[PDB]
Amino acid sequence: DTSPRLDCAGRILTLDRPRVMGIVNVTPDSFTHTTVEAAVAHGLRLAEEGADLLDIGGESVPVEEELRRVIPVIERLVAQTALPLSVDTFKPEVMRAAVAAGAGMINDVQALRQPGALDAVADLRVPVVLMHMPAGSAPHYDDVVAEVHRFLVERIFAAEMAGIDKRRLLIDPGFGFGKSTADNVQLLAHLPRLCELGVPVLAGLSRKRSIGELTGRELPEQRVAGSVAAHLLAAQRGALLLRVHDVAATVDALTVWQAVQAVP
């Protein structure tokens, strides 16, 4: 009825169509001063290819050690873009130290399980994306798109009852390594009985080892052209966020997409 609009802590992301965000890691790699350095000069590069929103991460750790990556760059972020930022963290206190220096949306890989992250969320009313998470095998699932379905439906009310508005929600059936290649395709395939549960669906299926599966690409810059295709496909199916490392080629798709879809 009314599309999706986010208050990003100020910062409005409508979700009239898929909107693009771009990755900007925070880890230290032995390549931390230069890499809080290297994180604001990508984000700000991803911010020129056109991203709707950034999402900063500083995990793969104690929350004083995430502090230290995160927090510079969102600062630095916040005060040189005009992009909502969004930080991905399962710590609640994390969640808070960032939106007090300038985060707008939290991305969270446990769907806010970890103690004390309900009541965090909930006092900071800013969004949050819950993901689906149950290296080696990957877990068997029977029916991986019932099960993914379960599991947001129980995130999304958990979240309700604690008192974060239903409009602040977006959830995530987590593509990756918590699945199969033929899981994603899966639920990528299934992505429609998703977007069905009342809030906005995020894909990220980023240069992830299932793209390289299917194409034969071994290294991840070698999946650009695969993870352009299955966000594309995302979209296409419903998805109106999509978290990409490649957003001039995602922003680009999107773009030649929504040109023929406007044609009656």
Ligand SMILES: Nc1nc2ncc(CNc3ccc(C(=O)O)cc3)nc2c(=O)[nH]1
The other form holds:
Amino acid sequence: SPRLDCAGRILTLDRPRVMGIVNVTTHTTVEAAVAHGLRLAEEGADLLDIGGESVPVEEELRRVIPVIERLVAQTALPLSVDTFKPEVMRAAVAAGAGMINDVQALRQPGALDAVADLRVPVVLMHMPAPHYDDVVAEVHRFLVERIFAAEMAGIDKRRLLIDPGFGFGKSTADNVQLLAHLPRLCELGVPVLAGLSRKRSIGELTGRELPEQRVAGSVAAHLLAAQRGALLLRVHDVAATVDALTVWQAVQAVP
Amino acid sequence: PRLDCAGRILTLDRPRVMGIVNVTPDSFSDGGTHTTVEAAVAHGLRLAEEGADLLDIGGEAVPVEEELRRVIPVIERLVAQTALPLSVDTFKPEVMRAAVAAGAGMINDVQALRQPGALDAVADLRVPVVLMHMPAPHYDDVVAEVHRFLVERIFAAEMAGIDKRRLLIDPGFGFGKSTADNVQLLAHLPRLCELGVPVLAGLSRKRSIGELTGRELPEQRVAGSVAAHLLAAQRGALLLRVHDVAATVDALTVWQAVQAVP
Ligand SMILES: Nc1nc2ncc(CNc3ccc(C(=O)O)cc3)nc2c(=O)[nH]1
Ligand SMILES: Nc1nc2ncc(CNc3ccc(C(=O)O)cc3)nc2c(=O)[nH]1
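Would you generate the structure of this protein in the form solved in complex with this ligand, following the form solved without this ligand above?
Shown next: the complete complex, the earlier chain at its head.
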């Protein structure tokens, strides 16, 4: 099973794990984000993903660093930094972040070299909605190219995670196709992370217009993603996703 | 399966949702300004708005006269205010007959027509019937024992003149079953689907869900129940008996979208 060394905090993917979303978009903003990350840790998150973007590096650092510093001291959970900027990647890891969550899959100038030096795990996400002749084949080809580019830069394959990037330049039909064909992405030999949390495609499938109305559909999408091979799930609704996976694990355990 | 619920058709081309409507004073926040009937009707209407495919009305040891007093006015009001099929959750043939006369289109029987007169009552009514298993006792093989019991009740119903096409079966999750027995039955649910009759599963906010997730209160068991019901549908169940209708509907809709991909 994949064993991820998140700067000393081990994340073991022997079973699907839960990555709690901590959005940090001022002391009162930092305070709210830290309290939320603590709530998600109590709800059974296996990892916290800290994001301060959607902006200049120094602004992104002002938001993310105090949250990383406080959460690394107050929780024993691995911490992920959601950024595509190499200067943020280096500074966040210096602050205590144990993983890089990169929507740009190390395509920003200097990201490859920055991460090669850090020895933390890295999520290689797909983001190009454009027309796809075959979204599954195109996402697979892109992810192969990024795995190889990371390996050529000196990043050990065992530090890699991949992600189809649900909702990034993808129609509802493209997202459903990627979820249904998720086992094809699991053949790249690297753990797959799926993030469908309260996303527009969940809302379109269920007719739920607002993010918080999409919890039931998101918990179901994440259970299906885990059934189809995903080993990490990026969610807002930690306790609910934990309960869904626990029930499924009990059923799956029956010989 | 196409179930004719006294004129209201329930098509089981996909897993369907049976909304739980409990007609008991205890089931509602007793402020003291609403009647029990009024609260149960409003709840059944809310579940219909949430996308329930059928409502299951239950009044229950409850004396038969009190059971009738609870379920009948609720059935009369819901049959007029919704187009959904209505199930009556009862083991008493007097309630079965009266509920069908009031507008109920299905009988949901925890006793699988074992009460004296239930076989006769159902044979005459020509409405679908749920045959549930209820004996927690020690089981040498809970799956084999539940399967045998259900075979015997299907046979008994057919021998009484009840057309096989009007039957549904149900493993009775939580009825004389440990958490381990319930998990075993859910995991081995495809074995029950081999009997050629639609399978109903009800794990809604049940103690076993609470034990699996560490959720002490019924209302904290929603996520675990929605997951159990999705797994039951993946494993062959065509009907799901739930409190959390909108949430179960959303889970099944996402799964249907994924399943539809060739
Ligand atoms: N690795 C990873 N990181 C992410 N970071 C932010 C986000 C947030 N992105 C959005 C994209 C689309 C939508 C949408 O509503 O479709 C909402 C948020 N997603 C992910 C993701 O899925 N994977
Ligand atoms: N067909 C059918 N009807 C039912 N009626 C009442 C109930 C309520 N039964 C309970 C049994 C156990 C528990 C529990 O918490 O274990 C709660 C309710 N369940 C069903 C069911 O599963 N199937």
